[PDB]
Amino acid sequence: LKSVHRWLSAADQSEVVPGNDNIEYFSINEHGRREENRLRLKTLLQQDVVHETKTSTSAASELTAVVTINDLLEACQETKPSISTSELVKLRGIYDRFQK
Amino acid sequence: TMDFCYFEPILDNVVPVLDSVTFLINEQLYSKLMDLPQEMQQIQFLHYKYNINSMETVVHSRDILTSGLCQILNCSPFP
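Top to bottom, those sequences are chains A and B.
Following the UniProt record's numbering, the numbering of the first sequence begins with 922 at its first residue and continues without gaps.
Following the UniProt record's numbering, the numbering of the second sequence begins with 81 at its first residue and continues without gaps.
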């Protein structure tokens, strides 16, 4: 998870191929609510076929899953059992001699 | 060329007026219009350039304006 978050911290933005959010003319708003965004999106989708299922953003390698000490010591302290273990040393005590 | 067509006159004369039209233009004339300070200057220069007359001009989506240079994209509400 730490390696993934470091890798995600490298992949943390659209480093290449930003959105082509060019703005055309401010159309003469005699009517309507200047909702140009939907028409622009429909036009660009029709003209470019952005979903042609071939292009990719590829802002990072999708590889090079580096691993390192750097975060391993976040082991900190384990919430282990056997902090008190009298039951389990009595478990050994059953086999103190070879019996059973 | 071809030699005959299907035709009809539009009886009862009624024809719809479009709610909007979109035009796409080469950078030079586009910028030459966009830098104009007023709407009627743009309108009148477009009228001069393309011989478009208000009320009377028939248009369709994907109609050409000039090859290499400009075209009519879409129309509303009807195409």
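Hints in this document: simulated from the structure, not taken from any laboratory.
Please note: incorrect hints may appear among the correct ones.
Straight-line alpha carbon distances no greater than 30 Å define the calculated DSSO-like cross-link-like pairs of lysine-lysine that follow [stated by the list, open to error]:
| # | chain 1 | residue 1 | chain 2 | residue 2 |
| --- | --- | --- | --- | --- |
| 1 | A | 975 | A | 963 |
| 2 | A | 1001 | A | 1021 |
| 3 | A | 1021 | B | 112 |
| 4 | B | 112 | A | 963 |
| 5 | A | 1011 | A | 923 |
| 6 | A | 1021 | A | 1011 |
Away from chain A, derived, C-beta distances all over 10 Å, residues of chain B [as the list claims (entries may be wrong)]:
| # | residue |
| --- | --- |
| 7 | 81 |
| 8 | 114 |
| 9 | 119 |
| 10 | 121 |
| 11 | 129 |
| 12 | 153 |
| 13 | 154 |
For each residue, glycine too, the CB sits at the ideal point set by N, CA and C.
How the hints compare with the structure:
1. A:975 to A:963: Given pair residue 975 (chain A), residue 963 (chain A) holds - Cα atoms ~19 Å apart, limit 30 Å.
2. A:1001 to A:1021: With a Cα-Cα distance of about 28 Å, the restraint between residue 1001 (chain A) and residue 1021 (chain A) holds, given a limit of 30 Å.
3. A:1021 to B:112: It is violated: about 99 Å lies between the C-alpha atoms, which goes past 30 Å.
4. B:112 to A:963: holds (26 Å)
5. A:1011 to A:923: violated (39 Å)
6. A:1021 to A:1011: holds (14 Å)
7. 81: holds (32 Å)
8. 114: Non-interface label fails for residue 114 (chain B): nearest chain A Cβ at 6 Å, not farther than 10 Å.
9. 119: violated (6 Å)
10. 121: holds (13 Å)
11. 129: Since the minimum Cβ distance to chain A is about 16 Å, residue 129 (chain B) lies beyond 10 Å and the statement holds.
12. 153: violated (7 Å)
13. 154: Per Cβ check, residue 154 (chain B) is inside 10 Å of chain A; nearest 7 Å; violated.
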